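Coming up is one lone chain in structure tokens, specifically the form solved without the ligand.
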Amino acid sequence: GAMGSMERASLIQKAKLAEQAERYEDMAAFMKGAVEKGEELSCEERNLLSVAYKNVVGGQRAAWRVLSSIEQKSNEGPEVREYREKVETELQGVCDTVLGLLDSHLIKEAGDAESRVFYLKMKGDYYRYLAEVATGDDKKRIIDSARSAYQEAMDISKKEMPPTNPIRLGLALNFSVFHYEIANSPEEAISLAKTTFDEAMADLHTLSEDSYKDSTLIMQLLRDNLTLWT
């Protein structure tokens, strides 16, 4: 499948090389190849997958925003719309690819809380990116799909993970962004961010120096958003 003939370990090694070279499209293709080998992913490998696709879709989102703004200013020839649609279609294909990997078959094989929450958070994230550009008869259903994925991830993380766990924190961070930016629920976003921050603060005393650094980094993003939102 382009990558079907390459060893899993070689795909992982090349994903790490691509990251060092800031070649994120390559990195994503290598990690897609590794997933399609059908074995579960380690914690490091899950992070490589996420880094690769987050950087790819990140460029597409940034481009889409530039073009949508130009298109909106033009509405105060068809080229701006056509080109925004091209980028949008490419973004939707990347999101569909990631959602396909999660559905076939990362999530169903993920039994541990750290893997299952990571993947369900990813599912919410890539439906959220779809929701950012959605405008037709599917925007509501896309939003509901993001919410459902995030909610299942939240339920597991609250049962199975400490409040300072960085996956749990990044999940709550992104679900709060979903509430604020997608779901027109800024009060829910603010409440979630506050409660997440305060419950992690009260658990920091249990952590090593390095774990403390990991958790407080994500907590600072919650604080930055609260400052932006209030």
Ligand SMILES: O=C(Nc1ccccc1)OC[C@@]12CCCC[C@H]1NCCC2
Contents of the next structure:
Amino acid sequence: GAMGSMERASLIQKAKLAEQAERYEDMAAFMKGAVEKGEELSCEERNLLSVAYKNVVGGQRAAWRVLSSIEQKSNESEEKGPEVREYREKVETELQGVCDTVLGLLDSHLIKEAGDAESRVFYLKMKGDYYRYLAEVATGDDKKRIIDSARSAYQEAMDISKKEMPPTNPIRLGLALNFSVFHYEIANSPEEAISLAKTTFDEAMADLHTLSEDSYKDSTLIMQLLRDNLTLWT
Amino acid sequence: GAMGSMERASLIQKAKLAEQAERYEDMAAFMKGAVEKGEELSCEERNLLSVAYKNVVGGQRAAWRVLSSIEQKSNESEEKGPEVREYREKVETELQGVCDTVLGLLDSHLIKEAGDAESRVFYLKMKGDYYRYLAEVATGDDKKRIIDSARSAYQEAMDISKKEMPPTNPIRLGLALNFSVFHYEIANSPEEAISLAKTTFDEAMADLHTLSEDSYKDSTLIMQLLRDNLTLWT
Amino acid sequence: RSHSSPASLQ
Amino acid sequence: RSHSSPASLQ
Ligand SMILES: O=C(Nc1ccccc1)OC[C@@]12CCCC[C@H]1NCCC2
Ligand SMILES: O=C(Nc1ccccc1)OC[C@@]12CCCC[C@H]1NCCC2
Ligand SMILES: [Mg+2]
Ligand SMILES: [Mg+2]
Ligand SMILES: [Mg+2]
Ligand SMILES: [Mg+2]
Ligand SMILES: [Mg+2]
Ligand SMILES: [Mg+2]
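Show the other one: the form deposited with the ligand bound, since we just had the form solved without the ligand.
Let us now look at the entire complex, which starts with that chain.
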């Protein structure tokens, strides 16, 4: 790894600078380097890792959707040659590479060292998320297995979160939100998505009374996304 | 060049797709490949080249400004180590590399084959612009020479544009706009900047009567930027 | 599409 | 700062 010679603390500092500069590819490289030091990540460091890669893959997903739409239109009328497919495939392969990189960091060795609920759920949610992003572009004989890998990671995270975290915990909420998106957008299970979003929202509502003002703000922000989806889906 | 095996027309097509997908690094790579085919560029192709690199360097300039501001604040109070300087230098070196790449394409061999006023002025303006971006970050013993290289390119473009193009020509207007920015922001010549912006604006105003509705829209868009700067500068 | 979680979670 | 030209010019 090209970050092997940089101090862990310097990598974290530079990831924060890269975030401020909106240099998310750099930020991801710095955070990958930090992970590769082999030590566990703190809460703040896990968040930096996620911000970095979410922004990188977000640009790729947005580009892939633009290109896929153009490609589908080109098949509805004039023949334009292989270029749209080729360039969609180029972006797709790069996106798959980023997802594979994240999944590799989780498997070597973030998840296996994560013993506390907050870290383990966060990483299993991330595993589900990056398999979900792979599923968004999958079409061949492995699509079903990719979908099931996302489902399995989300389900393990859900099982831990329900046993170990209050219903308003932002990690628990974000996980449930994303698993509901998986059901609606990936698994062709809109009813499951709606039911999960509704139960998550109501159970969180009932636990808000235990929270400080700052925690209330964190939890209600994610609850609003559940509500926004329920409005789109019903 | 990694684009040597791709057809010129396919590179242009993919540059347009990359633009739609907001993949400006790809767009620049495709347009560099197109230039390296050795043929002259059409008006539309010159615009694609400029859009691609302007967006790439724009992200780098924005990042450099964020980092430079943090670095200057860190010198006003706690010592934080070499990391801010190092990362500012990393972004700076990448920015300089992009500018050097563009200047290299102009020198090998876009400018020397550009005989028509519209192409030659466009490329000389670009040369001034990329030396200007180098000047924005320059500090050592070559800063004066970088500034003078920008000035010389802009001046040659101005001399051609005044002889060969009407005052409302969008290339002429954009050149004058950027040379005025050079005077104000780089060369410590705000009066020259103001005078150039004013004379450019008034001479364009007087030529609008010759234009069609579509050309009028093109020219007045750039004239508004001259006015916006005059408001900032006075 | 649907809304998913922000990257940073407390 | 100051406004500079858009990249595309007709
Ligand atoms: O955001 C807020 N309120 C708030 C936040 C911060 C400071 C002050 C007030 O709650 C959103 C939500 C959950 C809690 C009750 C209101 C409800 N409204 C529908 C969506 C979920
Ligand atoms: O944009 C427009 N007008 C317009 C454009 C498109 C269609 C209809 C009208 O002109 C801007 C400018 C130059 C020309 C006269 C007005 C003037 N106003 C100050 C700035 C320069
Ligand atoms: Mg036809
Ligand atoms: Mg542990
Ligand atoms: Mg929150
Ligand atoms: Mg102190
Ligand atoms: Mg020629
Ligand atoms: Mg215009």
